[PDB]
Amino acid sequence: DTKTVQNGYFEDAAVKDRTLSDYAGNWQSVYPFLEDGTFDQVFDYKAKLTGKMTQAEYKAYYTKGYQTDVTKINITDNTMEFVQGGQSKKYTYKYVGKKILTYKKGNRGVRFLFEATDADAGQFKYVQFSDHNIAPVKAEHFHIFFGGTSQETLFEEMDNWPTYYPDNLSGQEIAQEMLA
């Protein structure tokens, strides 16, 4: 609610290009920790804090948001590897820019855009990151968008945003970070 950058209130002029290195690391999907109940304490806290949704409403919102079969993503300064249903796919990426999206509430967010240079990248040819930041800084978590047509197609996806935290965290530590 407060008008901060990470709540989506920022000046256009402060939005600056990033590089894939901001996202380098070994990352894990948070979805298993929603599914196993670890985040129930998060949804209970959020409901009691904001009053915007009940616990069940929050769980449904985050179920839609977090669902993915991409269980792990490993990122270097120039590559991304997606582990998805018994297969690993790794491609080399270039930065292709950024996009400011305006949400219905009136706040905004920035997606940082990457394109695979490999010819056979398929649904991983176009990849975008959202992490509540608008300019270079090491990512602490991210929400990903990916597909095989264009960056612009992905700007239409607002309700599913598979979400990733560092592999060295337990689900309990991820819950702690979400409560903070």
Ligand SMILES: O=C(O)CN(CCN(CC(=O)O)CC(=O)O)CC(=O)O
The other form holds:
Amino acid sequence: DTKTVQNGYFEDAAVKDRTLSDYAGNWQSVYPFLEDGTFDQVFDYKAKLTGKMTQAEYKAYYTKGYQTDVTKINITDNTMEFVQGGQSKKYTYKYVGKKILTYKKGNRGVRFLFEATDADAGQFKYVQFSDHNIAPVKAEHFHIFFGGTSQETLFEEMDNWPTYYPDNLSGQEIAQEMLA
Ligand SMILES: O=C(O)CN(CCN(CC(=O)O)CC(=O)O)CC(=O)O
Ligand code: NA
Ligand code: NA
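Return the form solved in complex with this ligand of this protein as a structure block, the form solved without this ligand having already been given.
Next comes the full complex, and the chain you just saw is listed first.
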């Protein structure tokens, strides 16, 4: 991997605070498109390109990465709505900062941290975004992390990173973006 920002190679000083507005939009989980085979062409390509895993190994890795029951997330400049099972839950959020994590392979990434201001947020009280960026820019897709204890609890989760792309894309278009 080239030593670029989006591959996780960046200077600490370039990491800058963001706002929830970077993530505003109507977003969909990519997991159904792994499950229905749309991403098989992605895993075949990755296996042939990098040689680091077989196609089946890549698929298992991304199955663990993408699994979630949160099928849709709708975000405004100050709210997030999670659609999960047969229920929608919407809360107001404030920005609470950022965290630089180091991964086992030696690259790094930044989590951008939000906290619900509503008392009844439960498992959606603490929410983090990772999008391979480190400073303000409109998100094009993201991984999300959420729970009800603290931001710090979520820093331990490294292998499940539910992933979201804009609702206006087909699964095929998401696959194209991943192949690019
Ligand atoms: O982030 C991904 O989608 C898959 N990552 C591994 C998982 N991520 C999780 C994260 O970014 O929060 C870590 C990473 O990309 O180093 C490998 C890759 O991008 O080639
Ligand atoms: Na889930
Ligand atoms: Na997660």
